[PDB]
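In the form deposited in one PDB entry, a lone chain appears below as structure tokens.
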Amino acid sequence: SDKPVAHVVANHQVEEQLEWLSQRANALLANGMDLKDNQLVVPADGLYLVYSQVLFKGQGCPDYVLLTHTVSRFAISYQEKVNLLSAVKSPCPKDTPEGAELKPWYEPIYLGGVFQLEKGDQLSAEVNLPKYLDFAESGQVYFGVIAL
């Protein structure tokens, strides 16, 4: 009950964009964890389980798309952010499939691992094309950190 912990979820009112929120009944932001500029900030050096899930959805396949989901680590002294976890998905074929009344496709991605972080480190969980995010139902898009 003293361990820094966070489980933030996507703001469902901002379609086509990814904004993390703690103000939801089954979300958490406690024991030192801060959420600033859409990133989770760790309060102390230590081992942390970092995870995130996104759900993508699309109707038809007019475009061949490469979907990515990445959890990164950043500290002021860094040249740039570094990938901690990442995955890619390709829901559609190059050829635009024939026919109207398109059935939607759905693609989830889950990332998660243990990392030694330092006080003040900023963790981000982002997607390359947030226009395909699906957060119509709760529990589909989230980002968490838990001190071990």
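Here the rigid core means the biggest group of C-alpha atoms that line up within 1.5 Å when the two forms are laid on top of each other. Positions refer to the first chain, counted from 1. What changes on going to the form deposited in another entry:
- Core-based superposition between the two forms leaves all of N38, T96, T68, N31 but one with CA shifts under 2 Å; the exception is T96.
Could the form deposited in another entry be given as well, to go with the form deposited in one PDB entry?
The following holds one chain only.
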């Protein structure tokens, strides 16, 4: 009610970029949390639960590909981009043989933890290859920060 809070979701309309939105049902940006330059900006020193989900998808495996998902902190106290939470996925171990069916695949990734953050710290939630993100339905791609 008074606690700074964000639960933002991906723009479905822009392809090949991961742009976060707040003005939607079951999304939140309140009590000081700010969304600036696609980053969530903490209004106050404190402990925050920080989390993000992405869903990647593809049509068969013409190529080997690595997918990454990373929540980063750009801290006032340390002016470099630094991983808070990170993961990697490898959806396509063997290439689909020439002529065979290109069967759809899906790879979700969840990241989540509690962090001491400082007023003005910038958090970003990013993937290396947005072309693979799945924006078909709600609740598949999101990024949240909540003050505990």
